[PDB]
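I have a structure I would like to understand better, so I am pasting it below and will then ask my questions one at a time.
The other protein chains are all here in position, but one chain of the complex has been omitted.
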Amino acid sequence: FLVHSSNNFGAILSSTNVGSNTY
Amino acid sequence: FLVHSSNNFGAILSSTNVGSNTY
Amino acid sequence: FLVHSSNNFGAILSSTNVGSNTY
Amino acid sequence: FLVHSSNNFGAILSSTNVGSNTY
Amino acid sequence: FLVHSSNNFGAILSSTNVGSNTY
Amino acid sequence: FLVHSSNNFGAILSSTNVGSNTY
Amino acid sequence: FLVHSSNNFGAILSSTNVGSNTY
Amino acid sequence: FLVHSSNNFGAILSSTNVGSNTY
Amino acid sequence: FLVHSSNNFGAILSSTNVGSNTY
Amino acid sequence: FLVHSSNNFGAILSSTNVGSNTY
Amino acid sequence: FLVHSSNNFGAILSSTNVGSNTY
Partner (left out) sequence: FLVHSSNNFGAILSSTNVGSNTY
């Protein structure tokens, strides 16, 4: 018997930069 | 019997920079 | 019988820089 | 019988820089 | 029977720099 | 029977620098 | 007069997971 | 007068997963 | 007159997990 | 007149976990 | 006239965990 509940009521602003690597 | 509840009511601002490595 | 409850009501500002390493 | 409750009502500002290592 | 309760009502400002090592 | 309660009502400012070692 | 030279002769294996956040 | 030279002679294996967030 | 030279001849293995935060 | 030279000839293994915070 | 030279010939193993904070 497993129960997983996730409730979100809030504003979420996200910025993600992955890279910009010089080889 | 397992119960996992996560409730979020707050604003979340996130910035993530992964990289910028010179090799 | 396991119960895990996480409630968040507060603003969260986060900044994460992982990298900028010169090799 | 295990109970883990975490309630957060406060503003959280975080800054994390991991790196900037010269090899 | 184990109970772990953590309640936070206060502002938390954190700064973390891990690195800046010259090899 | 184990009970662990931690309540925080105070502002917490933290600064952590781990590194800056020349090898 | 600015000169930026980056030469890489070594194998580079990288894994990056950004996310897996429950709101 | 600006000169930017990047030469790469090495194998580069990369894996990037951005996401898997439950809202 | 500025000169920045970075030469890498060594194997580099990196793993980065940013996230896994429950709100 | 500025000269910055970084030469790396050694294997570098790194693991970085930033997060896993419960709010 | 400024000269900064960093030469690394040794294996470097690093582990960094930043977080795991309960609020």
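Going by the order they are written in, the chains are A, B, C, D, E, F, G, H, I, J and K; count residues from 1 in each one.
Here is the rule we use: contacts are C-beta pairs under 8 Å (C-beta built on N, C-alpha and C of every residue); 3 or more make two chains touch, one makes a residue touch a chain.
Undergrad: Could I get the residues of chain F that touch the absent chain, sorted low to high?
TA: Chain F touches the chain not shown through residues 6, 8, 12, 16, 18, 22-23.
Undergrad: Quickly run down the residues of chain E that touch the omitted chain.
TA: 6, 8, 10, 12, 16, 18, 22-23
Undergrad: Pick out the residues on chain K that sit against the missing chain.
TA: Given the touch definition above, chain K has residues 1-23 touching the missing chain.
Please note the rule applied: only the chains that are shown with their structure count from here on.
Undergrad: Which option, E-F, G-H or C-J, should count as the same interface as E-K once over half of the contact pairs match?
TA: C-J
Undergrad: Which chain pair is joined by more contacting C-beta pairs, C-J or G-H?
TA: Per the contact counts, G-H leads.
Undergrad: Could you grab the centroid distance between chain C and chain K? Build each centroid from C-alpha atoms only and quote it in angstrom.
TA: That gives a centre separation of 22 Å.
Undergrad: How far is the middle of chain E from the middle of chain G, if each middle is the mean of its Cα atoms, in Å?
TA: Comparing mean C-alpha positions, chain G is 27 Å from chain E.
Undergrad: Using mean CA coordinates as chain centres, what's the gap between chain D and chain F in Å?
TA: Computed value for the inter-centroid distance: 10 Å.
Undergrad: Scan chain I for residues touching two or more other chains and write them down.
TA: Within chain I, residues 1-23 contact more than one other chain.
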